[PDB]
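Taking the form deposited in one PDB entry, here's one chain by itself in structure tokens.
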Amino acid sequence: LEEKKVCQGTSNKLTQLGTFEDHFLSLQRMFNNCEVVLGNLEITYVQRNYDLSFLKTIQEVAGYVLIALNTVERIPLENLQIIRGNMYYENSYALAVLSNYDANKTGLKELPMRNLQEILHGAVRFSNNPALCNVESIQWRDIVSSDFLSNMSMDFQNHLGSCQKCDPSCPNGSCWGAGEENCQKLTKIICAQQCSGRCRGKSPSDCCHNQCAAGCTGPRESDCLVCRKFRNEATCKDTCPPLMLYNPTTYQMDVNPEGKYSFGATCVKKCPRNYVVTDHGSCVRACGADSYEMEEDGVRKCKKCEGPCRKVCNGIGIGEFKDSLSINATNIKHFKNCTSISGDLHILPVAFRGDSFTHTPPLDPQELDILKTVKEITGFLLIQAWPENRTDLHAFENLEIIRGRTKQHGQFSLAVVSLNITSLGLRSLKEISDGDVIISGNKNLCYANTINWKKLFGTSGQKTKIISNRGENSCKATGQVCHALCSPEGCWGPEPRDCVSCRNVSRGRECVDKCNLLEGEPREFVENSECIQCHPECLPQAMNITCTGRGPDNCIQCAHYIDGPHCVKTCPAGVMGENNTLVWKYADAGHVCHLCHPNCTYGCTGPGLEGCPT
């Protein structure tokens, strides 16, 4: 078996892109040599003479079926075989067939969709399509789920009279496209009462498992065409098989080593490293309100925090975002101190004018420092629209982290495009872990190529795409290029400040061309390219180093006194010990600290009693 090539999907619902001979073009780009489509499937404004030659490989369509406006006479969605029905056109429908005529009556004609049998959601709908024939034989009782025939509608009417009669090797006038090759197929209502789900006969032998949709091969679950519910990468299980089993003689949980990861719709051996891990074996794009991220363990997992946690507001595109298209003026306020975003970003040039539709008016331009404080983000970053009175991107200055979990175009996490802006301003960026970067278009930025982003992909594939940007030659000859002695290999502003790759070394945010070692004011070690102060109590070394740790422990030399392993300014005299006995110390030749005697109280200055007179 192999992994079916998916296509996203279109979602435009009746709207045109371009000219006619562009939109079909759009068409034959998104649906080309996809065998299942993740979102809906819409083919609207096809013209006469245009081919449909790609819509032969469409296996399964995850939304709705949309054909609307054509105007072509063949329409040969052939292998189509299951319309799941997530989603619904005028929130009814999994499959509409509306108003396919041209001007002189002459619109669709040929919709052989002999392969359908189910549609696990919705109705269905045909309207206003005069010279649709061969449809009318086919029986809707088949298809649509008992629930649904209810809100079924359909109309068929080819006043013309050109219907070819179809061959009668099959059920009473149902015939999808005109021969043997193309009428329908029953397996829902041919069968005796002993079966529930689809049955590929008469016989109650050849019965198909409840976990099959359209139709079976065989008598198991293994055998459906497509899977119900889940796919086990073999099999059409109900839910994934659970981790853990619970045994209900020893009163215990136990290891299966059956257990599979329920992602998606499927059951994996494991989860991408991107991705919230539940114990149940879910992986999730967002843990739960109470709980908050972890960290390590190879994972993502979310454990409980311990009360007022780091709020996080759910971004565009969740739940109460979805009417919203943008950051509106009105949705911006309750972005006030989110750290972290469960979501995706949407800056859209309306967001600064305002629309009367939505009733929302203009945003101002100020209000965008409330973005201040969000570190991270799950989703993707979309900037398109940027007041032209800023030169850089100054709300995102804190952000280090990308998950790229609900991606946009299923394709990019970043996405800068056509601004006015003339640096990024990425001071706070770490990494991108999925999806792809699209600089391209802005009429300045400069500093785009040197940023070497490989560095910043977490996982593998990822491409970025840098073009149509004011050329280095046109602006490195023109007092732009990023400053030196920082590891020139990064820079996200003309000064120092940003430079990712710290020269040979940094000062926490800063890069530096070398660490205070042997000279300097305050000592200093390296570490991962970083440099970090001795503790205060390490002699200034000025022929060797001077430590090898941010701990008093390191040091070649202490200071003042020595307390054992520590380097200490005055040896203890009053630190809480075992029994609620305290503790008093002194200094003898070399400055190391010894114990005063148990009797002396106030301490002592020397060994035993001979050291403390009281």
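Numbering follows the first chain given and starts at 1. What changes on going to the form deposited in another entry:
Within the set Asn232, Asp498, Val65, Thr406, the hinge between the two rigid parts that rotate between these two forms is located at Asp498.
Switching from the form deposited in one PDB entry: structure of the form deposited in another entry?
Just this one chain is shown here; partners and other molecules are left out.
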């Protein structure tokens, strides 16, 4: 059973989404049948008499837990085991129960988290709950790490007291609520020094493994409740097994028959096809500045730089761009000569009308042309606004790959929702290596329903939501349909250059009805359905074809002279040779090029000395 229903968790912090009944519905639709929250769990503005029972399934929050401004009288989190805390609230805490009361001082009353065993990182804040009961008696030093216990801030002010004490079969208090089942079970401050981590009792025969996070059911690494750092698919490892093992006997590096790549917090057999496989053995999103990606036998890798490295262009939401939430006119200058945006790309409607809260000027719609040199995006592309003047995504006409290593909402890797464009115009897009694609809500946009997106997707299980665009019959009846000479596979626009693949052949970036064989102005040949011009020194054949390749070596007949295998315009007269000896040739009867006489220094118009006079 190596699967647990995961969700993404909210990051609104304090934000109310609509009304008191539209927020709850949006809360319910995310934390439903979820077992492992991959993000942050936030429970805000839950008015009285609402069934919050669906939270009895969450077993591990990988971020912080914020419970603020609620009024429901009972929040059942009876199966939460660990609050790891990879991101703090108020940049210090991991669990926080802030002002949580109704008008007449009533409000949140019980919070039975009786399975909460460890907060890996962070502190706790309990302020301004006047109706809370029994949570004032817990021993938070069994949960929080002693490294963080100096930051905690508890403030219990239940001036009502209309709630019973807890069963005497509980450690001097330490009760999460009412009854004998809802007290607290301690696993860190009872057992003896022989244990290095946590335990199951007081005997030294109970110490759990080092890598058990909450508790354990057995002394070995395959019995931890929740793993602490990694997970080797049945055990709580500390580092994924290396791919190569040192040999103390021969001073060399062997191979490991149980080596595995580290991907996130799991040890997998092989990396995902859209990640960078480092040499140590690890799936990463992008490797250090000393290297650069390199396609190799299908998988991605990166080798050391060749002298000076290239421009590493961070994307919105990584590195120096973590406070910026758009492509605002301040930071647009940094994407000046980029080719691969190693991150995301957001284009929000607050970049064009200007933000005041962060003192940024409006973005001139002409300043988007800086992106026309971007070719890869190792993430997602979220376009949420485009200048009303334009009619297609012109600044991305050179985009070629969207790796989808990090995705919007953890699901999508392309979002073109609610623009005013007529056609997409991404005519150079060839692959979306992961993540769904949503192109919907656009007022007057078609040509999007023709492309067979099952080709671009490079992973099984990719969907596409394309709804509420310009009607199918609405623009079909107005000539707005894919062009004539294009394969029915689709098109990104009406112009012949906008179609992916052609009906017959192509002249570079444009499709055509037939190559210029026999006739035409430039002679051409056909390979892989492409029309390439014959070397200029190919005599225009009005009968059959003209050439069978690019080079003058395939010319059926040379137009001027012929220097051996090649078709030349004029026989060589000054070309470097062996022993620093120059080279001079002449054209005989059949316009064939033959070498001069060893003595002829000023060249020769004929064979030997009888050819070059004074």
